[PDB]
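Below, in structure tokens: the form deposited in one PDB entry, a single chain.
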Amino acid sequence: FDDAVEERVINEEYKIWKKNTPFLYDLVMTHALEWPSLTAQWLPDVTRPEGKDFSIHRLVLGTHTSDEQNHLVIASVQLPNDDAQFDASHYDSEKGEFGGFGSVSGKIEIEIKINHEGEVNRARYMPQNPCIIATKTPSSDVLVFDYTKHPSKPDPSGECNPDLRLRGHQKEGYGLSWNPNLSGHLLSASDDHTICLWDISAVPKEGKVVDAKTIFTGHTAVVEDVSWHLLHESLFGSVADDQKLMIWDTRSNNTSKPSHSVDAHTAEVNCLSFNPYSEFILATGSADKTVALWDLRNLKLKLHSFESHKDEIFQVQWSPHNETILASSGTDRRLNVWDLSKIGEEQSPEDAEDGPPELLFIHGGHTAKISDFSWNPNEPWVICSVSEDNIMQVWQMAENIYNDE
């Protein structure tokens, strides 16, 4: 009934954002993919051609295809240096690569496509070797890939050739993260209410299927996401539909009872992310449209609260360059960027309508649910966001917002 008016308001909002973009962004690229991605992750490696104003970064992409062949995609996005020579008047609607900003040699070009059974729910690379990449399948099992052992162009035989195939679930899920400190430790979260733990650093080269090392049954509702601590190799947290944030410790002989348990939100909780500089802070996003900050030294008091998301939240990512910045996204078409240091500041009386004093920036660049996004770990404050409308945006907010000269 209202599908006409909702489409109409989305159209007007996007056109307005396209009109008044140049004030808000130092750089945007709007690139249309072949199939929607439920994942995105900047690869840590960066290469800079000599005498050329653009670097060559790299992103890991999955496809959400109806029935036929899916892929694991590793695209290379060329970003400009600080000596870049480009335009900022509008986007372009004119050049055949993207929605205008940044170097003329800003052009996402696919490099590796790999057979993948079903859609790619989530693909996270393993920090100790960006060659190895894990994937999340809609089926029970969780796959692991190495793209060095695969042809750049997939063979049309359609054989899924994972380096390992990891089992231990009963349904699908979305939570999946490696331990950044200890090589081969992979956590996955699924609908079966269980956190299964794998280790691949100690598997035979002859065994192509690997059982889970351990299974955690703490959650009672559907588990949504799980993440390791970024300084402690043995500590990880998880969130679920049960509105419960639980903190787990590997050393515990009790794998069925968590070390901590917190009723973080009054609704579904979809995401969590540890602060990569303060080992004591973490945040979560939830279906109650609020992003709940937390302090690990006391889990009875919620450190702070963020609002102004109009719909659910499906992702939250701390900045890799500044400890005070994080971003979130959800079913609402907007990606918000928060600033911890601005908490408690007294803004002008009206601007409370735009949002709380710490709401640093809102991204109006996606016409559909933003599936996932990730900060670039090499070039500060450049974010690649994908959405259900077959769009892969990489953008960098305007410089003057984050700098008070």
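Positions refer to the first chain, counted from 1. Residues that one form lacks are left out of the comparison. Under this definition, the rigid core comprises the largest set of C-alpha atoms superposing within 1.5 Å between the forms. Compared with the form deposited in another entry:
- After superposition on the rigid core, the single residue among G168, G106, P258, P320 whose C-alpha moves by 2 Å or more between the two forms is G106.
- In a rigid-core overlay of the protein, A32 has its C-alpha displaced by under 2 Å between the two forms.
- Once the rigid core is used as the reference frame, the Cα position of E353 differs between the two forms by 2 Å or more.
- Look at the core-aligned forms between the two forms and you find runs of 3 or more residues with C-alpha shifts of 2 angstroms or more at 101 to 106, 158 to 160, 350 to 355.
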The other form holds:
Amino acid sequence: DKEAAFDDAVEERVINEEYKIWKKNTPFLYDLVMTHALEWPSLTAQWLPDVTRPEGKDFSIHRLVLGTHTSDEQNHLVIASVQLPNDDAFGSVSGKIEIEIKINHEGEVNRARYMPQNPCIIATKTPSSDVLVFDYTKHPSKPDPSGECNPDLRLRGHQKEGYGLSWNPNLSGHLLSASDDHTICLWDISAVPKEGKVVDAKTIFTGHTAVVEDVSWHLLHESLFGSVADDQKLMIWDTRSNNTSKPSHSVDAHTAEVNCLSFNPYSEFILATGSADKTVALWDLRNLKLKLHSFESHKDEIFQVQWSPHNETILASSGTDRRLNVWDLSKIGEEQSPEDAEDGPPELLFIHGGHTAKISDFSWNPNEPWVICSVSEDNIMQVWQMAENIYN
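Having gone through the form deposited in one PDB entry, I am curious about the other one (the form deposited in another entry); can you provide its structure?
Shown below: the chain alone.
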């Protein structure tokens, strides 16, 4: 109807005005803010572990893994380079978010996770039924003006699309993927013959009635991992249990479809899950029946949760509401002034409102304390850090 189009136009005008106000108030909220508009939107973003610190310069160089989402052109696996101002300074140093490599990819990349033991091997989720394990060291920097070249490893055990992808941190190899055919497969890789083409799935896990939307390995135990599906259930799988159908735990954990999942880097029990119910929940593995605090400040679906790599009680979530929030677990449940209560719950620490479309992915930098890079659907990438005043 014409009413829907008119409301959409009015909302677009309001969005533009709100963005102008936010940009006007930018220097009073952050310590660094850099925005770069990509040629094509990227559905993935993950910092690489390596950092290069030149001598005599007041900046450092960090790396990134990005994808491409083109309507009809060739799709690539772009690895970018970002220069952060360290502590001193910059105003004009020419290129600051310049790319480094492009590798031809067949279809848009939904995930671009890197292998933790050897960051050279990169695994990606293709729109087809095959998961490709790339090696950007071997491939040339400049893409070949032809079709998709050899990926050097083509792992195929699925039957449809997918969005979940995990690598074992404790053991070399052992990739896990959660797809839309209601199954999750385990690939041993590593111990495979050279010049290999197709690698069969070692184990097939089928205990979810609906599409599995995420999967993650346990950060401390090398034989246990948990998966979440959109049928409102959070299962805790155990490897080498001689049972590929019944998981150890089957907590429902939410009302609507659950999207994401993340384990606490320090605690061996604490984890958080997100869902379309506009709610993030914390748990402890010792007592799975009782649910800990539940954060409720979003207005739409939550698509990602990421624990801080350097802080015990910091966690961030993002979603279709075009906003990203920072939560502090040590601040939950304490008295607040009426003005603070009007502003928001005490746990909420920050609301980032610099994006105009839905947040697609984000990550924290391992090598820098409190910097986050987020990519939205309007071909915009942002690297930002909140003010030191907020967290003292």
